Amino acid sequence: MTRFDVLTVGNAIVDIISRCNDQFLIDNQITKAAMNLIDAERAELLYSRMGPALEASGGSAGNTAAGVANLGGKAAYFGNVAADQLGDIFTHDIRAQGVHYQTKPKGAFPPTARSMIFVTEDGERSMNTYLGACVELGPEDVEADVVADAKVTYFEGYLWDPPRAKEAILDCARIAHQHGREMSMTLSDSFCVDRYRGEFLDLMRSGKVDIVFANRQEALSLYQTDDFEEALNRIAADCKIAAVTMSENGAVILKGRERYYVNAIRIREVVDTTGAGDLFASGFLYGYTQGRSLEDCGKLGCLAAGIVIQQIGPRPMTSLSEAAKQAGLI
């Protein structure tokens, strides 16, 4: 018996969420459906144009850890906030979910990361992220005991943007593999992949990463192709297990030559896609660490993803375990 099923590592972010029209994104040069990095001045400027907003704890990996805890698994998180009110909110929400979160803040400055997320009428989300205190995450924040005692350690491709987080991840991969655990990553965002394509491929080809999460856009970007079938063949050659999401078309789980197709759940309405991929990973990694089949991991993923997109905010406000019990997936 081990202390943790899933440790996740990411940019610790609080989300500031508002609805906008399509022209708002165009007028403000915001790349739709993407993570747009911004500096402190741009953050002030954007906020000055944003409508009344709602705040909720975010961070892709943060969301994923919370989702595993919600489903009933044992989760931990590494990610750096500041000693400020936003950081206290982030700390509260993740711990209150029953995630082990012990990363110490280094001061009040830079302040806690925030992301202004604009949701359009079609339910797509466009994120505008000031990394703030995330830039300080480094090898010093690796709790080696936690990595040693987690079945899976999972991290964001997004971590390649801040300067020293990658060093922490290399320490994680070493500790994880020394203790016979598995490493996982998400490709995070298609432009993120464009920035770090070579480095991501190397993580997979060198065996530092065992399980890879991607959506259609990220897989196409990884191989710079318009051919989805080619991307699927190539990603299967590059990592031991690949979980590839395709929005309303569900997901495909690949292992060697094995392919497992899973359907999207029936949805009332796409309210807000924020966290869909994060919660897919929650469902998948929960199933995975519970010894479930890869198909059943896929189903658990589509379930969590389906639930999160029908609400505003990135972390399901309802019991995932209850839904899984109701859905016949338990």
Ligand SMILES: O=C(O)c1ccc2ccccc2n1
Second form
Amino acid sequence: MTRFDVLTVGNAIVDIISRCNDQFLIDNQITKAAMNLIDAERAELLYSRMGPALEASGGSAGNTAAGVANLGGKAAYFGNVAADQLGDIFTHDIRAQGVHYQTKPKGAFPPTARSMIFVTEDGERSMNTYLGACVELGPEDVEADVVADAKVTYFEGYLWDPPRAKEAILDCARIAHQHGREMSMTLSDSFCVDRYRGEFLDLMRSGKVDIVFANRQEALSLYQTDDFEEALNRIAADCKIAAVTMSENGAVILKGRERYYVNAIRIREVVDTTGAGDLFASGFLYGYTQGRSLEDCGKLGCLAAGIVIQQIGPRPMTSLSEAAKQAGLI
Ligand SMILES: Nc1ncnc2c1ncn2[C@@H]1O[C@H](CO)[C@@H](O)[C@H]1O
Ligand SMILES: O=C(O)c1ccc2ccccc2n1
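Can you switch from the form deposited without this ligand and show the form deposited with this ligand bound instead?
Following is the full complex, with the preceding chain placed first.
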């Protein structure tokens, strides 16, 4: 037996969430629906223009680990915060969910990462992220025993922005594969894919990544195409398993020549799309590490995604395991 189902690795971030009108995005030159990297000065500027807000632990991979644990799986997380109040919040929330989290802060400065997330009337989220302490994540933060004892190690494409995180990920891939485990990544964001297109392709083609998560936008960006069918064919050729999400249109899981389409759950109303892809990965990787069929992994993904988009904030505040039991996915 193993000690963990899923280890995730990401930018440790606290979210600062507010609703805005569409004009706000245009006036502030915020790219809608994207992750927008910002410096400390821009962070202060945007915050001064933001309305009253709510705070919640975030980080894409963090959300994913929390979601695995909520479902009843065993999760761990690597990510670097600062020794400050935001970091203490971050540490509390993820450990409180029963996720193993032992990455040690290096000091108080730079401070813990935060993302100002603006939710428009259509439920879309536009993130503005100051990386702070996340720039310090490196190979020293790899808990080798944790990687070795985890069935799957999953990481963000977003980790390619800070300088040394990629080296930790390469160490992770080596360890995971030497112990017969699997590696997984999410493409994270279509602009992130654009920044690191060749690098991400090489991760898949060299076999460093076994399982890739993408949405439609990321897949189209990856192969620089308007043709979604081309994108699916190419992604299936480049990685062992691909899980591609398509919002209200559900998901498709690809493995060689196999394709498994999965319907999205019908929604009351889309409240806030923040976390949707993260929780799709929770559900998928929980199913995968429980030995479930690829279709059933996709079902568990879409269930968790559907739940998170019906609340404010990125981590479901209700029981995913209960929801899966009621859905017969157990
Ligand atoms: N650069 C980033 N790296 C990792 N996660 C991010 C980044 N910017 C925003 N997020 C997280 O994305 C989550 C939504 O997927 C939010 O909870 C937010 O914290
Ligand atoms: O075809 C492209 O080259 C392409 C496609 C999608 C993109 C999304 C964000 C940034 C750059 C992109 N570039």
